[PDB]
Amino acid sequence: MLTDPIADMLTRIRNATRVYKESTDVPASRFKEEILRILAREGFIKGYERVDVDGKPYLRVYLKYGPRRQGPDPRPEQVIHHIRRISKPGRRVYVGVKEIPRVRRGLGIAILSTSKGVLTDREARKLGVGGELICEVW
Amino acid sequence: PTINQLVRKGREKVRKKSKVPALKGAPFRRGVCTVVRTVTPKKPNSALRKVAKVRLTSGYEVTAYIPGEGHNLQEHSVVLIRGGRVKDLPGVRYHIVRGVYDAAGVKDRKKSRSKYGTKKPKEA
Amino acid sequence: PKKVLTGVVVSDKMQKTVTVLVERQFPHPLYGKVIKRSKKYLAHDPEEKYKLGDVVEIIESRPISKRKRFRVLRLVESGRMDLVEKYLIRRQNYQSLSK
Amino acid sequence: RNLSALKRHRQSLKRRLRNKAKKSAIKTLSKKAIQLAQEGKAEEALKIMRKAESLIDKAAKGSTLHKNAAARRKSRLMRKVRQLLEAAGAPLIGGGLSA
Amino acid sequence: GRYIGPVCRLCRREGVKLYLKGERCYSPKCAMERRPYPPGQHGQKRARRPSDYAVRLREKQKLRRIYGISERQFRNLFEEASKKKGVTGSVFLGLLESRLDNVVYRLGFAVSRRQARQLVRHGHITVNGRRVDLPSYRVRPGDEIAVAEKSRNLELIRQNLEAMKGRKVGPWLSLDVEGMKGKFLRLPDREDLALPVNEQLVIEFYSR
Amino acid sequence: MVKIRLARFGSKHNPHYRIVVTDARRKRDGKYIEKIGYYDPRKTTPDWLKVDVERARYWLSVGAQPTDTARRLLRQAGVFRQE
RNA sequence: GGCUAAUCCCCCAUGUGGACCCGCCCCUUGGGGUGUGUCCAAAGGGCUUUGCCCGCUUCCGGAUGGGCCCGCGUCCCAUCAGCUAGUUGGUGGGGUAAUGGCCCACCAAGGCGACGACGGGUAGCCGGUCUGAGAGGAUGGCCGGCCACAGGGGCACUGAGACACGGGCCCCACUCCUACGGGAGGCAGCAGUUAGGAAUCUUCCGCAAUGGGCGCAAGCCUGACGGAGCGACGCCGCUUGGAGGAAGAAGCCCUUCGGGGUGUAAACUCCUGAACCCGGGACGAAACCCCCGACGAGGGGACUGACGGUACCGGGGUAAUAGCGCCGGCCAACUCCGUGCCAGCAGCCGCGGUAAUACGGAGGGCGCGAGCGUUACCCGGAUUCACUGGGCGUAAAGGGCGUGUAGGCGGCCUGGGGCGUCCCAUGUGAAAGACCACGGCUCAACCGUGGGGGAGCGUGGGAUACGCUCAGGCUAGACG
Ligand SMILES: [Mg+2]
Ligand SMILES: [Mg+2]
Ligand SMILES: [Mg+2]
Ligand SMILES: [Mg+2]
Ligand SMILES: [Mg+2]
Ligand SMILES: [Mg+2]
Ligand SMILES: [Mg+2]
Ligand SMILES: [Mg+2]
Ligand SMILES: [Mg+2]
Ligand SMILES: [Mg+2]
Ligand SMILES: [Mg+2]
Ligand SMILES: [Mg+2]
Ligand SMILES: [Mg+2]
Ligand SMILES: [Mg+2]
Ligand SMILES: [Mg+2]
Ligand SMILES: [Mg+2]
Ligand SMILES: [Mg+2]
Ligand SMILES: [Mg+2]
Ligand SMILES: [Mg+2]
Ligand SMILES: [Mg+2]
Ligand SMILES: [Mg+2]
Ligand SMILES: [Mg+2]
Ligand SMILES: [Mg+2]
Ligand SMILES: [Mg+2]
Ligand SMILES: [Mg+2]
Ligand SMILES: [Mg+2]
Ligand SMILES: [Mg+2]
Ligand SMILES: [Mg+2]
Ligand SMILES: [Mg+2]
Ligand SMILES: [Mg+2]
Ligand SMILES: [Mg+2]
Ligand SMILES: [Mg+2]
Ligand SMILES: [Mg+2]
Ligand SMILES: [Mg+2]
Ligand SMILES: [Mg+2]
Ligand SMILES: [Mg+2]
Ligand SMILES: [Mg+2]
Ligand SMILES: [Mg+2]
Ligand SMILES: [Mg+2]
Ligand SMILES: [Mg+2]
Ligand SMILES: [Mg+2]
Ligand SMILES: [Mg+2]
Ligand SMILES: [Mg+2]
Ligand SMILES: [Mg+2]
Ligand SMILES: [Mg+2]
Ligand SMILES: [Mg+2]
Ligand SMILES: [Mg+2]
Ligand SMILES: [Mg+2]
Ligand SMILES: [Mg+2]
Ligand SMILES: [Mg+2]
Ligand SMILES: [Mg+2]
Ligand SMILES: [Mg+2]
Ligand SMILES: [Mg+2]
Ligand SMILES: [Mg+2]
Ligand SMILES: [Mg+2]
Ligand SMILES: [Mg+2]
Ligand SMILES: [Mg+2]
Ligand SMILES: [Mg+2]
Ligand SMILES: [Mg+2]
Ligand SMILES: [Mg+2]
Ligand SMILES: [Mg+2]
Ligand SMILES: [Mg+2]
Ligand SMILES: [Mg+2]
Ligand SMILES: [Mg+2]
Ligand SMILES: [Mg+2]
Ligand SMILES: [Mg+2]
Ligand SMILES: [Mg+2]
Ligand SMILES: [Mg+2]
Ligand SMILES: [Mg+2]
Ligand SMILES: [Mg+2]
Ligand SMILES: [Mg+2]
Ligand SMILES: [Mg+2]
Ligand SMILES: [Mg+2]
Ligand SMILES: [Mg+2]
Ligand SMILES: [Mg+2]
Ligand SMILES: [Mg+2]
Ligand SMILES: [Mg+2]
Ligand SMILES: [Mg+2]
Ligand SMILES: [Mg+2]
Ligand SMILES: [Mg+2]
Ligand SMILES: [Mg+2]
Ligand SMILES: [Mg+2]
Ligand SMILES: [Mg+2]
Ligand SMILES: [Mg+2]
Ligand SMILES: [Mg+2]
Ligand SMILES: [Mg+2]
Ligand SMILES: [Mg+2]
Ligand SMILES: [Mg+2]
Ligand SMILES: [Mg+2]
Ligand SMILES: [Mg+2]
Ligand SMILES: [Zn+2]
Numbered sequence: 001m002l003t004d005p006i007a008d009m010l011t012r013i014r015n016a017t018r019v020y021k022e023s024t025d026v027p028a029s030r031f032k033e034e035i036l037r038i039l040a041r042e043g044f045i046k047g048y049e050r051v052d053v054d055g056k057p058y059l060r061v062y063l064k065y066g067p068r069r070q071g072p073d074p075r076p077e078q079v080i081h082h083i084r085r086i087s088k089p090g091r092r093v094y095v096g097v098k099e100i101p102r103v104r105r106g107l108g109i110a111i112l113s114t115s116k117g118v119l120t121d122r123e124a125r126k127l128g129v130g131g132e133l134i135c136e137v138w
Numbered sequence: 005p006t007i008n009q010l011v012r013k014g015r016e017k018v019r020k021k022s023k024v025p026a027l028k029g030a031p032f033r034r035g036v037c038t039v040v041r042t043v044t045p046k047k048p049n050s051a052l053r054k055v056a057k058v059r060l061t062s063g064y065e066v067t068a069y070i071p072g073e074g075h076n077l078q079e080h081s082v083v084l085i086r087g088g089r090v091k092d093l094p095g096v097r098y099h100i101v102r103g104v105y106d107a108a109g110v111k112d113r114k115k116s117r118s119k120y121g122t123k124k125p126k127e128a
Numbered sequence: 002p003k004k005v006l007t008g009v010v011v012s013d014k015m016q017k018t019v020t021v022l023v024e025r026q027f028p029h030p031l032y033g034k035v036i037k038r039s040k041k042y043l044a045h046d047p048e049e050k051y052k053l054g055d056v057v058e059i060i061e062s063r064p065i066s067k068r069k070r071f072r073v074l075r076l077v078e079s080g081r082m083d084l085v086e087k088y089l090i091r092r093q094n095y096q097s098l099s100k
Numbered sequence: 008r009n010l011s012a013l014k015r016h017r018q019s020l021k022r023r024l025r026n027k028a029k030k031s032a033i034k035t036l037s038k039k040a041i042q043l044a045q046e047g048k049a050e051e052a053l054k055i056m057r058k059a060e061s062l063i064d065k066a067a068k069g070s071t072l073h074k075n076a077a078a079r080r081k082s083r084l085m086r087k088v089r090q091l092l093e094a095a096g097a098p099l100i101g102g103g104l105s106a
Numbered sequence: 002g003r004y005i006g007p008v009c010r011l012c013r014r015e016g017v018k019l020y021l022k023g024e025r026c027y028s029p030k031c032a033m034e035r036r037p038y039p040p041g042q043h044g045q046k047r048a049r050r051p052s053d054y055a056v057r058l059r060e061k062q063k064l065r066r067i068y069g070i071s072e073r074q075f076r077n078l079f080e081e082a083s084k085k086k087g088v089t090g091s092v093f094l095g096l097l098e099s100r101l102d103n104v105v106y107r108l109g110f111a112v113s114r115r116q117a118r119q120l121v122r123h124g125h126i127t128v129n130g131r132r133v134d135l136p137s138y139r140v141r142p143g144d145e146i147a148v149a150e151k152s153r154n155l156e157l158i159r160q161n162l163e164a165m166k167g168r169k170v171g172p173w174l175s176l177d178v179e180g181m182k183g184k185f186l187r188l189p190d191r192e193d194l195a196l197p198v199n200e201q202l203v204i205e206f207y208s209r
Numbered sequence: 001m002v003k004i005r006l007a008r009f010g011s012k013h014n015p016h017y018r019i020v021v022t023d024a025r026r027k028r029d030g031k032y033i034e035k036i037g038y039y040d041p042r043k044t045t046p047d048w049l050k051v052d053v054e055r056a057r058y059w060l061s062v063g064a065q066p067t068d069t070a071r072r073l074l075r076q077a078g079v080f081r082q083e
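Chains as they are written, first to last, in the deposited numbering: chain H, 1 to 138; chain L, 5 to 128; chain Q, 2 to 100; chain T, 8 to 106; chain D, 2 to 209; chain P, 1 to 83.
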């Protein structure tokens, strides 16, 4: 069995971007869909869309990269420099509203699952709620 | 270790073990001498070091180094123990306070008199 | 507020008394994971109403005896013997790990 | 030496021999009543019970047998007297108790 | 008791001119003139490249010797400045400038820092009508720093204020030369002081 | 007996008292119930005595007994003044 | 053995009221009301003696203070794995202010344990304190809160309250008295003695303040306390001068013998005036008390100091303690001489067996400065027990392999619950400390006033993404 779908999706994205792929198929679920929506709104991925692979539902995450570079290693700069699951099964993480971290001095995001839905750090702070600290992205 | 493993067993604090059982944890400990001896040092050095076996007020029997150039210490004189080992003499884990109880300070010592315990001279 | 807990009646064998098992979740104070510990309270059953495997509420009471400071407030959910079987199996496992 | 707090100790002993005495009387009357209730003599047991209740309240008047300890003794006494009386009861006097 | 002894040897050891002699660190006699090298037998020898700790230490020493304080009050005032809101270096400099004796020197009542410390210590100085003999006394903005009328007849004070005619005073200060008054207008900023010291080096020194 | 008295909270040669409601059986500098004023004998400030009268009026209505000095200070702020 | 008083004790009466058995009602564990029956009260003293004051009795309530109970938290060893006979529960009883195996009799055979029982080791706990970027580690002296003990062990009496430090009984050890039969003791109260130890103070002053006990008050008591003394033990402030003064005295040091250094440092010129002398000289102190008004309010008045003639103000006035560590690298500061694997230094690396910047002295220098070093201990660095924040192919580390128990972890969709989770309100989080602001001692240390913050837990309300749970559904995992 697959034991952490959210971390699995994050790692699919991490590997796909580390080899500069165009898209990636992640097994589909509403919670993953919300995470992907937050990513697309924050500009980390070009986007995503529902798809069917051999009858089973999946999510095509279309990733984005920087421009091609000079000198040796012309591989473009990554847009998702870093992705890291935080609250994983076996050690769940919950933060209050004063405990919401500032990711990379604001240049990054923290995705929270809260009573009011899945938000970013800024969104949860302006909303004034805390919740499960899912992942850092920057 | 998993988090569950750390909940079940957890990290183990590391105990320190005192290098100096000059007991009661006291800074100094007075005693009576048994032997005043000259001992040969370890491999890389060569000299004649003046040490003293001591019976202590804590019921302990140790060996202490005699600092300075010359000492008035004898077989049955009382002395104070300061602590601190001598790298090149295995066995002596303690030092001797000079200028205390029988062990007069180093005569004609003019540079470092806090250590070696000698009074301030006069300049005519 | 007299404390009210919820547990499963795990032992019947006493007169006018039941042994209830009450669970409790809380985050570990350093490692943060949600750990689940349980405790057996002795509840006072005056009418012998409650039987083994029942899920009842327990209420803080004026002491009935030594180790007895709680009374069975009411029945919540009657007759789930799986938790009782878990307790019995855990206790039976003590036959090993001795010599 | 020779602190006059000694006086207190002296007084103490006095007070002891007072309290003791009173207390003993109470007990010797109480049994005297209960026995007669056990043997089916309503009037005599009632009379002794009234005397015992009076003695108990008088001991409560002083530092001997003060707050609700006296009510305890009176309650237990009247309970045992009325209960023991119910063997061909016939509450003859009817004074000590409420009808 | 602060440092008491030969001073211009510290003009030399720090390599920079620090006028704690008052005058004569102006006239060509400071011994920084025609002898800029440090004191001792090895003064005129080549200087080996100093480590980072050496640079930080010499900078902090330069500052402390300039203001003439002991290391104890120096470090305690530094911690005080570190706890306050604002840049630690500029706040530290302003607190050092707030010292009563340093203010007496800044107002030109004394020729040097040590002379100002003595004029304070002996009660010749007035603060808001009252006398203060504590050189470590801190002057708040708005306080009036004058000379007690008992000491107004003194020849040294009249000499110093005779030379103070036409001379200019710090922008965060002001004084009336005839009535011997004076006013600590505001705390001086980093620019207000011409101190030949890099305060960031002192901050980095106390980092360890 | 709950009382109203003074607790010396200054320093050596600098006495500063807290007018305080406390059980008489505790230390004079120990734990108290309510702090209902402060007294400064040297009178080094414009305000050297404050009371918060109505609280003292309450605690007197329930049976607190002030010290002669405490009663003096309470009357000085007019806890008893009834016109 | 005898006499005698009372706010000592007893009996009767009065029953506002209260207590108790039984009945009823409302509440719901023994809360409140009610009916009859039974039982229960008391003390006088003082004056300005016709009125008031100090008291006394029963009761309801308030307040403060406590008793008992419960959730949760509270060190090490598993080379401590089984523990348990009042032990677990019941009925009745005893005891208490009060629940209770708290104790007792009888009945049942239970209770606890790997979620650390039992055993052993260590240890008063907390507010806080030290350190640390923080998490965390360590600690709990002093001040404040709670606990426990009063030579060791047990026991009760008196009382609202003790199982009572300066109360009592008994056993035990010790010291003293002893007519040998028997007695008296209890500083872990303030000083002080002695022992032990590296080491920790005066057999001080005082009731003037603050607080306590008794008293109508006057007042008495108070080694609580307020002060003083001793000790650089800590913190803070201060002095040992300031300015002028030689391309630069002697001495000492090095030298390429030309000189360089100590160095404006000294001498010396002038000025200021630590100490000490002289005089004035406190705040802390206003009530209690007196008197007017009714011993109230209010108004006004007067007695009251240990510190101490100290602090402080005014006048006069002398240039008037410097020491300690270090100078090979870490680490800031270098040369000469002397010693030659000796004598010695040493935190680690390491120096010294003939030029030693590392030994010893000198000169000079660096660091601090009434301190400076040393030892011990705690944290730190140490991300070296790694939650933040580490690892296991060859460096320490994958268990010889499997089966599987407890436990940990759990695919997709919908819904109910709202336990975790989150939010709001509120209660609590004492004071001191910490933080911020203002202020009081000439400044600070110190202290006051005010403000802010705060994890956790209680209660009420709300949110439902995730975790959980319950119900239903699906087939991608699993099995067939
Ligand atoms: Mg050798
Ligand atoms: Mg049963
Ligand atoms: Mg029972
Ligand atoms: Mg078993
Ligand atoms: Mg008496
Ligand atoms: Mg009898
Ligand atoms: Mg009693
Ligand atoms: Mg700052
Ligand atoms: Mg300005
Ligand atoms: Mg630092
Ligand atoms: Mg008390
Ligand atoms: Mg009133
Ligand atoms: Mg007689
Ligand atoms: Mg007689
Ligand atoms: Mg008679
Ligand atoms: Mg009477
Ligand atoms: Mg009567
Ligand atoms: Mg009636
Ligand atoms: Mg009646
Ligand atoms: Mg037994
Ligand atoms: Mg039995
Ligand atoms: Mg039975
Ligand atoms: Mg019972
Ligand atoms: Mg458990
Ligand atoms: Mg112990
Ligand atoms: Mg800190
Ligand atoms: Mg602790
Ligand atoms: Mg303690
Ligand atoms: Mg003490
Ligand atoms: Mg004991
Ligand atoms: Mg005892
Ligand atoms: Mg009494
Ligand atoms: Mg009692
Ligand atoms: Mg006791
Ligand atoms: Mg005693
Ligand atoms: Mg006593
Ligand atoms: Mg006796
Ligand atoms: Mg001794
Ligand atoms: Mg003292
Ligand atoms: Mg008094
Ligand atoms: Mg008094
Ligand atoms: Mg009178
Ligand atoms: Mg006396
Ligand atoms: Mg005292
Ligand atoms: Mg000394
Ligand atoms: Mg100092
Ligand atoms: Mg020369
Ligand atoms: Mg000079
Ligand atoms: Mg003069
Ligand atoms: Mg006065
Ligand atoms: Mg006055
Ligand atoms: Mg009159
Ligand atoms: Mg009046
Ligand atoms: Mg008086
Ligand atoms: Mg006097
Ligand atoms: Mg003077
Ligand atoms: Mg001189
Ligand atoms: Mg160096
Ligand atoms: Mg050395
Ligand atoms: Mg030679
Ligand atoms: Mg040589
Ligand atoms: Mg050699
Ligand atoms: Mg050398
Ligand atoms: Mg060295
Ligand atoms: Mg040397
Ligand atoms: Mg020197
Ligand atoms: Mg020291
Ligand atoms: Mg360490
Ligand atoms: Mg660590
Ligand atoms: Mg660290
Ligand atoms: Mg290690
Ligand atoms: Mg880790
Ligand atoms: Mg490692
Ligand atoms: Mg190998
Ligand atoms: Mg290996
Ligand atoms: Mg293997
Ligand atoms: Mg192996
Ligand atoms: Mg399972
Ligand atoms: Mg799931
Ligand atoms: Mg589960
Ligand atoms: Mg909820
Ligand atoms: Mg709150
Ligand atoms: Mg606070
Ligand atoms: Mg405060
Ligand atoms: Mg001020
Ligand atoms: Mg809530
Ligand atoms: Mg909902
Ligand atoms: Mg749901
Ligand atoms: Mg299902
Ligand atoms: Mg199918
Ligand atoms: Zn100069």
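The hints are simulated quantities; they were obtained by calculation from the structure and are not laboratory data. Hints may be right or wrong, so weigh each one.
Straight-line alpha carbon distances no greater than 25 angstroms define the calculated BS3-like cross-link-like pairs of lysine-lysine that follow [to be verified]: (1) H/88 <-> L/13; (2) Q/14 <-> Q/87; (3) P/27 <-> P/3; (4) Q/34 <-> H/98; (5) H/116 <-> Q/34; (6) L/13 <-> Q/40; (7) H/98 <-> D/86; (8) L/17 <-> Q/34; (9) Q/34 <-> H/32; (10) Q/14 <-> L/13.
Do the hints match the structure? See the list:
no.: 1; hint: H/88 <-> L/13; result: holds, 20 angstroms
no.: 2; hint: Q/14 <-> Q/87; result: holds, 18 angstroms
no.: 3; hint: P/27 <-> P/3; result: holds, 12 angstroms
no.: 4; hint: Q/34 <-> H/98; result: holds, 20 angstroms
no.: 5; hint: H/116 <-> Q/34; result: holds, 24 angstroms
no.: 6; hint: L/13 <-> Q/40; result: holds, 21 angstroms
no.: 7; hint: H/98 <-> D/86; result: holds, 23 angstroms
no.: 8; hint: L/17 <-> Q/34; result: holds, 21 angstroms
no.: 9; hint: Q/34 <-> H/32; result: holds, 23 angstroms
no.: 10; hint: Q/14 <-> L/13; result: violated, 35 angstroms
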